[PDB]
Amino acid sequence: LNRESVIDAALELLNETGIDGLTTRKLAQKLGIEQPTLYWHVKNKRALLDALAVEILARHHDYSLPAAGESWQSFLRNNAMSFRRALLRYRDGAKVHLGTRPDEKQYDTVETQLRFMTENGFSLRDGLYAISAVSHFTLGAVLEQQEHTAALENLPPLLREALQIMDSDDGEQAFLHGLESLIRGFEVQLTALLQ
């Protein structure tokens, strides 16, 4: 019963009780074992949470790299949609992710993304900023959609209808809309530099 099987029952426990009901003792009982034994498998809870973050991405975030011949617009779009989709598969996934320090084992993936931007028109900073903007927006978005989904009158007109809209989707179209907003903003800034 590995550390691999521990990080598994942990992801099941995340989807059950959320990031706060995910307590050492509940995990042990899931693994049929006794509490301080988990300390054999994991350094500590923080270590365990970083584990889950990496695990989620590795497990669902397939589109980390640009396909051959793909436009930056299409990459950024595809990457962000894969990113968000990974976070959304687990309860509190975005929060769990936010706590983790960036993974050293993906240094190569990161650098390839950077290079890809320089080759499609961007200087280094503009590619950095472009990629950063996209993941910041995507993060903020999933965090909110997830906090809205969870949480377990006399609203003014516009607001009333507005909540009804986000309520419809969960935020999907809102997200897809802000994504394109960023890309079009990147296009217009690029053709403004070439100009």
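We call the rigid core whatever largest set of C-alpha positions still superposes within 1.5 Å between the two forms. Numbering follows the first chain given and starts at 1. What changes on going to the form deposited in another entry:
- Once the rigid core is overlaid between these two forms, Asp126 counts among the residues whose Cα shifts by 2 Å or more.
- Relative to the superposed rigid core, the position of the CA of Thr100 differs between these two forms by 2 Å or more.
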Given for the second form:
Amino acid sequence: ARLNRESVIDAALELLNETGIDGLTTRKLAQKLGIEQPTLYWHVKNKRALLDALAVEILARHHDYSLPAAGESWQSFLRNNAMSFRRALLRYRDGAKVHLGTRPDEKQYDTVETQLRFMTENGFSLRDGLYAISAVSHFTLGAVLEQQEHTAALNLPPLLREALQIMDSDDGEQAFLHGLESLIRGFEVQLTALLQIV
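Can I have the other form now, the form deposited in another entry, not the form deposited in one PDB entry?
Lone chain follows.
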């Protein structure tokens, strides 16, 4: 196998799709590349080093709306960005468990700094723009995770019966797209009121 960073991430996403994250061992990655474990360890010191790099890499390969277009509102950027993120995260089995607990990589600094400067520049203070970006990030994570884990880890009172039917009727994209509009409108109400009691 060729063994630079790029060929290791590829084999490691490929493997994450067959085994998920808890089956993603440096031993199955060595066996997948057809090499021996001291070879692998020359390159990949460990699983955290690896999970972190994969976190960076799924976004960089599949998360396109990371930057606001010229003339775009903060509400359209937060919508277009969340959807794009939900979808980078669903491209790979356990894509959202991989992201959990990370923090921006140095390779992403210019992108996420632009994002926080665009919010201040639209009237958010740093703390509130930060909180808006986090609630969007945390709601897309918990939504994709409840979807990915339910698919995989496979007498009703009348309403629960009907709700389960609705829940299951699609991938959870409708429930997501609708909670995203409520999140975005609640932030508008906050932004606009500020010192007026609301």
